[PDB]
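Next up is one chain by itself, shown in structure tokens, the form deposited in one PDB entry.
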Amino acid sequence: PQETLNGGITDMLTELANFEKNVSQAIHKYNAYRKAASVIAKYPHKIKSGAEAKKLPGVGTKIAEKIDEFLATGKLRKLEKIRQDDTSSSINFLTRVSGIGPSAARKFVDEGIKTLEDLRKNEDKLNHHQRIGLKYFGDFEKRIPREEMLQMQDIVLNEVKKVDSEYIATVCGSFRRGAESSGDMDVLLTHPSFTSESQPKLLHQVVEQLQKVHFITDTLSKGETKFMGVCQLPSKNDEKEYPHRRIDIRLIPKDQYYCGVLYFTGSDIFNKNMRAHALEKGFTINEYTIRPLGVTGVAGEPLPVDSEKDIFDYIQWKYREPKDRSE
């Protein structure tokens, strides 16, 4: 695991993953490419043959021969064809706009709309999310210094307590994994009257306060238990203005905080691997519970697990501190 050790191969595989997910709409081939890329990135030798990478789990016949052509030529003809393709590469660029998924991108590129500027000229064709994602295209691709994360944590934690002092609020994602910067802010919220009982306005009246102090600036999706939006650091003096940042708030049964904070921590590829091999041991994890798989695919009742892990040694795994879960 030393980045440049096989970065060429994993670059190519990540670039293929993206083409599959954005252009072919083959979310399974995408996941397969992402899994081959990940395992190879952890592998502690430099691959010199597709047959050597083939021994790894998740590398198969087709990827092995893509490794050989890459090794032998420096290039992948499929990739270089794909990158040169004005329709494929437009669709790929469009999906970088929050809210423009792969189906939207195709529909836009089909009707001639290929650039951000094409998009601005056609805002009637855009739902609410897409205009916001287009409004803030550059900002949403910037990183958030951990120091700005902490200032965002102050505002969130301050304004949350102002509403109701038995709210707990927990900033998860890469932040809680110690990351020196983050892509967005992930806030986990629990309140004692949300368990198996309930009154469901707990999220709304927290969003509203954060809007009232002008921290939250836009709304991408808002529900009973999940808010997705935009939020900005207040600025001072004649300062440059901070960028607009993506924030999600997720409100979990307090009874199920542990599964919630594990999922939201996560990382995302780490969750995919932990759940996948929770399956191998006949358990299923989600943000809520951990359940056994009975004779075949059961659930019925889960245990209200009491510890910050146990989730973790139920699946015969040695505890990975959040620093060690960006994997």
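Residue numbers count along the first chain shown, from 1. Here the rigid core means the biggest group of C-alpha atoms that line up within 1.5 Å when the two forms are laid on top of each other. First, how it differs from the form deposited in another entry.
- Where the chain switches from one rigid part to the other between these two forms, the hinge residue selected from 268, 93, 70, 140 is 93.
- Domain rotation between these two forms: smaller rigid part turned by 11 degrees relative to the larger, from C-alpha superpositions.
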The other form holds:
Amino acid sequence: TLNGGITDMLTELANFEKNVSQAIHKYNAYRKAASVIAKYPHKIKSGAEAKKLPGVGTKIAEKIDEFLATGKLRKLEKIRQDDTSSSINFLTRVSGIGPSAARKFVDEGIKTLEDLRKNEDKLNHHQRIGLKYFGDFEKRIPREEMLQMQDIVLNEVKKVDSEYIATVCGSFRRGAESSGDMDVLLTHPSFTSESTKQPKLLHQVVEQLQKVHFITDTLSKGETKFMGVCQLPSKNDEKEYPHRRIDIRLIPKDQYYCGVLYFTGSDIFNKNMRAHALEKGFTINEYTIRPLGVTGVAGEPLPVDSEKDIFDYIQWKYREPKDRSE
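Structure of the form deposited in another entry (previous: the form deposited in one PDB entry):
Just the single chain follows, nothing else.
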């Protein structure tokens, strides 16, 4: 919030290039800049001062100068006036409506909340659930509620089988006082990178949480990734808690540290760290860190015993979860 005007402006630009332009790389660029400016511990006085930060190049620096002089950015004033953009940006806020569907619905003449509720038959299952909880999914989750939600998940998980390990990652593991959703990383000794000795390891846990009415809706579901909806139980006479997004990732137990690294994030932190891994000649995913022969093709999984081992391989100081909120 110290350069909060500049980082917002850049976040708006990022969303424009993503939802309207469909320029994924311009989107990531704006977001990197906004991230490296958010952590910058001084109040930016000029575009040139900002340009010294990596990821802030010439075009962004002039946009900062313009914002500092006037309080605004004309390119954004224009983008806001355009009706196709405004519609597209709005539709992309429904979970499951991306840039393509959004542009597609606009061509169909579907461009308001009202248009979507009246053409529910024109949405896929995810989009239908994303529309139903539209308001709820715009709210943040207070850490106190994350804590309540954590008890239930962990204790319900323990009820299905004491050998599961469930770990709330995401922004919650980085200490955030609020979160957009709850991310849960799941391990069980039966599912390793070697073998799967038990099927439906994820289904059972989803099933338990549906049973106790914690999980209310399913966005998508496969053998290792669940994306759905949950809700904390309310007390008597008390207004209900908003419905919350929940993601659940089942990961081979021997690959826990790579998995907990990835799912802890932030997304921009993983991108910076994975790009540094590439520059150091490594490739990191949620399963393994592997070397790169000049071939291009990744070699074999390196041995990992902690999050820090991954950091060491690319020659970075270890950074605590709270210090990864980029």
